[PDB]
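Only one chain is included here, represented as structure tokens and corresponding to the form solved without the DNA.
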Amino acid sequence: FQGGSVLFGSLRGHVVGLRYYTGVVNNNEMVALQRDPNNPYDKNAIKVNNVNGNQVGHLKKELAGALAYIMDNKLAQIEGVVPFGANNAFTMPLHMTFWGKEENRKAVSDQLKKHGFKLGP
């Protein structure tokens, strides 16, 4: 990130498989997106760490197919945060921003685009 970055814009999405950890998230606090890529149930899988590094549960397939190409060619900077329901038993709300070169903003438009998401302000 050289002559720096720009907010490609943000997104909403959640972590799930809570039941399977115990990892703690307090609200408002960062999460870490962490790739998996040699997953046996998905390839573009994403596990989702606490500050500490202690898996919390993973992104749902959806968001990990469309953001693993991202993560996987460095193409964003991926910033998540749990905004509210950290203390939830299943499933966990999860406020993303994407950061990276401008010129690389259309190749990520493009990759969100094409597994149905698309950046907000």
The other form holds:
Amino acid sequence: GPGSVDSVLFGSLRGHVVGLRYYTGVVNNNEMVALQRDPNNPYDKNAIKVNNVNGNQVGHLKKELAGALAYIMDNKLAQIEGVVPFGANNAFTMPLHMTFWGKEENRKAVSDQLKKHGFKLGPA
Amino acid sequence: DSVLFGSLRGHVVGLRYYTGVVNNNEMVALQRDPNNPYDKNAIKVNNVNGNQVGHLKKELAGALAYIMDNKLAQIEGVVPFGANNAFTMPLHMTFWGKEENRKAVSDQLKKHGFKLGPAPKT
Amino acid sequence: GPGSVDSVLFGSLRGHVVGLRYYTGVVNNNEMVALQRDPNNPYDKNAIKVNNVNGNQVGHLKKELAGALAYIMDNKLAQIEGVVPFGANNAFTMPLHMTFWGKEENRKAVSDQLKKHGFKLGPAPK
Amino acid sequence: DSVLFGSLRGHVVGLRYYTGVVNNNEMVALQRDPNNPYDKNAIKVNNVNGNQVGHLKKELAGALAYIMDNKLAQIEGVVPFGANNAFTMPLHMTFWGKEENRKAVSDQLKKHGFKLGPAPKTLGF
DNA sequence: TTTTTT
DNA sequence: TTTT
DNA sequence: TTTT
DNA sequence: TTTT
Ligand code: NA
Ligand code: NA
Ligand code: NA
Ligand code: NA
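Alongside the form solved without the DNA that was just displayed, please also present the structure of the form deposited with the DNA bound.
Then the entire complex follows, led off by the chain already shown.
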């Protein structure tokens, strides 16, 4: 979502969009994608949809990553921008580059949540 | 309830007339100035501390004012580079809103020749 | 077309795309457009078509502009990149921003050609 | 005779392994190296003097090698900013070719997830 | 020291 | 963090 | 480890 | 007679 004007860069994380065979949303390399929570997903309450900029679903975040990010999105600790760098025509999974922005005071809370699930932000 | 609509690029202008400074990769705020004596569509660009940096170009403001005034989208601005430019400053804008308003936003932009795209902040 | 590896920025120029009502090609603001000479044009031997990046014709360069640029394009004195900054959905005319690239050995000939037609190059971005 | 197909953005990588320097807004040359023992698709990036600066990222080279080898497009590279970076450098690529080859270029790019767009070398000021 | 703020 |  |  |  839109970040506050005092939002700053927290760091980056690499992950994957999965479930591609079940959706038809098209994305190309170097394009933004949207991360969108789907708490009513009957298979995973932590589900995060990945949509293209026109609104069409591309796939889901891998459930292990969703299990970490769900808390961060739900409590608005950071806004997360997704970009597909390569592999946008892949049949089953594609890489995702995620950039985290947020208020300085929320920086530690984000990093701590990621560490809990075995993730860590990389450099700017 | 807000979803990603896409992005636009533009420039902040009139820098020499204001004292607000910006760092590279910093957010900026867009703020309407409807009583501007030269352009009712004016959109100010302010830095994180609230000091004015400049204005959107009149052609861009001409497209966006309707969108802001009718709350059809929230527009996030960031200056990705060229923050120390003398006359104009690059601006990246990301648009967010309700799906019910996606068409109205694209229609308004289209009147002015703009089309939201998929370019990220970085 | 593609420039030589030793090509440098010459400068910039603002102009206009015309004849929009006669073509169905679509362009949006901040998009590149292609400048394509059309010497076989039965109305103007200096004609320069403007196409979108998919190759669909959008219109033509204004004739007074074409009259200055045709020589530069034909003699390959510079490569010209066009961008439509605003007005891409206008009914009849839209503005065009042009940047000029070329070898330093030709920079003078370009400026003298433009100045011959009352045009001049401005600064290119830093 | 060649027409504009569009542009792509990417990065020059492996800078720290080469000595070639680029300045901002300088053109660079793309040169295939089919004998590279790490990657037959390798595309060198050389500066104006012919000195190697780095390589195209392997995923991008994987898409472009076919296009270069079959002369489906001419690719013009410019470094729009970050020319002084130590590790990786932004690259803007403009594609030109014969109209009859436009679909082949787009098909080859699409197989690798790439799509040419309308972004110029510069948006001006 | 532009496309020269809005 | 940071080739091919 | 074949989406979530 | 407001594209070239
Ligand atoms: Na799919
Ligand atoms: Na100022
Ligand atoms: Na038209
Ligand atoms: Na180096």
